[PDB]
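Chain residues, written in single-letter form:
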Amino acid sequence: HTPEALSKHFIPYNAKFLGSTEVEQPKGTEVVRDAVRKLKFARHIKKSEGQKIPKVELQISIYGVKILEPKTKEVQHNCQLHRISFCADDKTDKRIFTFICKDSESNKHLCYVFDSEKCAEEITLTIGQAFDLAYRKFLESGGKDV
Amino acid sequence: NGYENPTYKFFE
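Which chain is which? The protein sequence lines are A and B, in order.
Sequential numbering from 15 applies to the first sequence in the entry's author numbering.
Sequential numbering from 2 applies to the second sequence in the entry's author numbering.
Rather than coming from a laboratory, the hints here were simulated on the basis of the structure.
Do not rely on the hints blindly, as some may be mistaken.
Okay, derived cross-link-like pairs now, PhoX-like style, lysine-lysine, Cα gap no bigger than 25 Å in a straight line [claimed, not checked]:
id	chain 1	residue 1	chain 2	residue 2
1	A	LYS151	B	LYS10
2	A	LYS151	A	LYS80
3	A	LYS41	B	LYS10
4	A	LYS69	A	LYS87
Just so you have them, the derived chain B footprint on chain A, three or more residues with Cβ under 8 Å [to be verified]:
id	stretch
5	35 to 48
6	92 to 100
All C-beta atoms, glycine included, are put in the ideal place defined by N, C-alpha and C.
Bound-form chain B, shown alone:
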């Protein structure tokens, strides 16, 4: 049980 952060990709 894990979660990716959808916002991450936009701040890289």
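For reference, chain A alone in the conformation it holds in the complex:
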């Protein structure tokens, strides 16, 4: 969408949240594919336990990705954009998309995996655009701020 929406507000999206899992690297196709597979395996196990995966709302902006409980609108994760190293869609499953965020708590890389019926590609592009705008602001401040 426009700069202004990402820059001045946020873009909301609905998704299902398969979870997050620790990875060894901040990027890479293999890394994310191994994570998505791990979390698909876990989800399948959980479904055999009678569990649904949770629905979440994502708010994407130049400041980050907020993961909300969609009914309460209560923030469950705030992934500051400058701690997100990589975002990708899954070339062999349209609905899957992911990002890698370096954890506040632990120094570990966490890959967050999600499912969107219609918007996976669009969501991934939106986070890419956020990266682009935030980096341009960063350069224009001569490397400073937050």
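Put chain B on the given structure of chain A with help from the hints.
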């Protein structure tokens, strides 16, 4: 189709 965040490296 993936994107690296250029800003990341400077905040680590």
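Status of each hint after checking the structure:
| no. | hint | result |
| --- | --- | --- |
| 1 | A:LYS151 / B:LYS10 | holds, 15 Å |
| 2 | A:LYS151 / A:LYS80 | holds, 20 Å |
| 3 | A:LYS41 / B:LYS10 | holds, 12 Å |
| 4 | A:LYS69 / A:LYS87 | holds, 11 Å |
| 5 | 35 to 48 | holds (count 4) |
| 6 | 92 to 100 | holds (count 6) |
This entry satisfies every hint, going by the numbered hints stated previously.
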